[PDB]
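Chain by chain, the residues:
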Amino acid sequence: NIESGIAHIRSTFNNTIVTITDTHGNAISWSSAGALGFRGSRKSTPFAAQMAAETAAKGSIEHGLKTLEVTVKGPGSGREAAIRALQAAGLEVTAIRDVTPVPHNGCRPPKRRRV
Amino acid sequence: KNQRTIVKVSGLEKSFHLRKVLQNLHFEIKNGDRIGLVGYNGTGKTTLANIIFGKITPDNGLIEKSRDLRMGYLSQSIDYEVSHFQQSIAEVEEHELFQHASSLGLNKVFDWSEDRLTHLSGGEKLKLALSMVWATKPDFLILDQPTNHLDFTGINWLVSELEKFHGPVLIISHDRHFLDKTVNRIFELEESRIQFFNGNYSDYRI
Amino acid sequence: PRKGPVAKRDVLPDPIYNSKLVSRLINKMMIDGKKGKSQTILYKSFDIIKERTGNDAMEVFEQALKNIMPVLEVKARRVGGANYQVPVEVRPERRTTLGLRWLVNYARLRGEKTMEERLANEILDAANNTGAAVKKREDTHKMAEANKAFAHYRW
Amino acid sequence: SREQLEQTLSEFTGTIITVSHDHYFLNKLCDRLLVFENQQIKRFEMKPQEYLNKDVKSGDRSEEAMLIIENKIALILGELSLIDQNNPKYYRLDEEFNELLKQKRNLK
RNA sequence: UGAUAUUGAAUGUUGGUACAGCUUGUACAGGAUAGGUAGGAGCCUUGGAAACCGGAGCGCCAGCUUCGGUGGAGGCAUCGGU
Ligand SMILES: Nc1ncnc2c1ncn2[C@@H]1O[C@H](COP(=O)(O)OP(=O)(O)OP(=O)(O)O)[C@@H](O)[C@H]1O
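Note that the protein sequences, when read in sequence, are chains A, B, C and D. Residues in the first sequence are numbered from 1 upward in steps of one, following my numbering. Residues in the second sequence are numbered from 1 upward in steps of one, following my numbering. Residues in the third sequence are numbered from 1 upward in steps of one, following my numbering. Residues in the fourth sequence are numbered from 1 upward in steps of one, following my numbering.
Hints listed in this document are in silico derivations from the structure and should not be mistaken for laboratory results. Among the hints, erroneous ones may be present.
[Unchecked claim] If you anchor each label on the Cβ, the simulated ranges turn out as follows: (1) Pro110/A / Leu107/D: 46 to 54 Å; (2) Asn198/B / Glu50/D: 31 to 39 Å; (3) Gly122/B / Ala27/A: 51 to 59 Å; (4) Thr136/B / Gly64/A: 47 to 55 Å; (5) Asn41/B / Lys28/D: 15 to 23 Å; (6) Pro75/A / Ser1/D: 54 to 62 Å; (7) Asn107/B / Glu62/A: 36 to 44 Å; (8) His23/D / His63/A: 32 to 40 Å; (9) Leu82/D / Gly199/B: 47 to 55 Å; (10) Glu28/B / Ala27/A: 45 to 53 Å; (11) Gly122/B / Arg154/C: 54 to 62 Å.
[As the list claims (entries may be wrong)] Computed footprint of chain C on chain D; a stretch qualifies when at least three of its residues, placed anywhere within it, have a C-beta under 8 Å from a C-beta of chain C: (12) 44 to 51; (13) 54 to 65; (14) 74 to 81.
Just so you know, even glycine gets a beta-carbon here, dropped at the ideal spot from N, CA and C.
With the hints as extra help, turn the sequences into a complete structure.
Take a look at the structure:
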């Protein structure tokens, strides 16, 4: 039973995962578009991000959270939907923080697609 | 109470005319076993059950069972048992039987005429047959082709009741879903030889 | 068309029930311009509705349409490789159009011998919303809700 | 035998009337239902699986509202996903979104 | 590779056996969560009835369970019906 937590939203182009943890990063609960039965294109859509956030939130509310800090990673379109969905579940969102990993010129990226 | 072997079959052979049905079957039924006897049509499942019950004597082999063991046998020719229901009222404690009956959805069986009791739905026959067997307080249940005619109600009832049952249960069924809820072992009878699988029916398939 | 929206056409209210909806259904039932046949069918049907239920036929009919008229329909859009069904709100006029059309078509498919009887039974089913036409409305609402993600898309 | 029967009956172009309490077999074969309920036979134009999983229409006159409002939420939510917060268009969509969410709460 | 002898000690976990305690028991109707059998019209009661509250387990979502704090005279039945 913990109150304050961080909501890690990993929004990629293919899927949106939402893990909810305590302030010390111990996992309370998590949800992802795939876990909710979305497949392929559907998982990417922002609608699925909403549903993923709601499902993750309702799992956490059992443990008794009230305030969430939000961290967003990846280039997906889910972050806004997932954040608004967390607010709609009742948990107040203190601050959103983009923590997408930025290399300072490190590893060579994979070759560009010729689509 | 325990898992002491209740029925032990060894070298059970049975033939009809020139057709071998059972060829050298060694198996044991222990207390608390929920065994699904599966196999395609004509493989001998009813024949086997009748031999286990004692309706048919085998050609070779021995059947070891407690001398006092009471074996409740659902059988396939329900028609015969249900026609004797009028006789069964005198032999079975009315109370228990009717208690079950109402649960199975046969309400107010007391009031049914002999006409209706001879005109029953095949699903009613089974519900009445099931209630009778369970009121006799058998120590070993054999259920040949149950849930054949049962509705959602009688299937929920037969499941919840099988789980409660204390003795062993041998269920002969083709119904994947009924097996996937009640049984933990599959006896597959093919080419007159029984093979053994652990778990329910779905994993048996795999 | 490209120029812009075009003047819709008015209908006169039915002589007996003084209802434009009734008149519109009469037009939907008409075949080969034989408006006589369709008026007779509808009036006979409304007698069956009053004679069967006992309620006013118009009240039953209006209740039936309420249960048939859809609120969200789906429009197809070819997005690259896969075609997406985009949910779109149904204009009030279109709601009435679809209701009458669906009612008439599925009524024609029923198993009664005469259209008036058929139509009557269909309206009664829609009153209790258990007929084919109702089912059609269920389907569109399912499609819209299922493809709710793609509502963003639109022309 | 059951599998072969299932294959054959799916192809058969005539009328099939089947009674079965194996709902899987029914749900594969049957597209319409005659339900025996309360000493009445009612015909339903739906598959066995859909009929059981129905949900009473007690608020079916209100689901229409919940359907239209929610579909508007989806449209505005979709657009917001594509636009940077710094665009002036963001502000208008967010106000409507929160206002529409209040309506959703009121209907529930 | 296993059993066993050489081959001992302590702890923890997990099954079986015997005993004891805590207790545990919902078809429908019926007043409602009715385990079976037996006696049964008195039993309990400042040695705290009912009722209020808090705590806890179970739960078919009806609810029962007991550690308790306020509370102070009833509460329960065979009769009745089901
Ligand atoms: N008394 C008998 N005399 C001759 N042949 C028999 C006899 N009993 C069964 N058979 C045949 O021997 C085989 C055994 O059939 P049995 O009834 O035991 O099978 P089953 O597993 O119960 O099949 P199903 O599920 O179709 O009822 C079948 O070929 C049956 O035709």
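(request) Starting from the hint list further up, note which numbers the structure goes against and sort them upward. (result) The structure conflicts with no hint, since it agrees with every one listed earlier.
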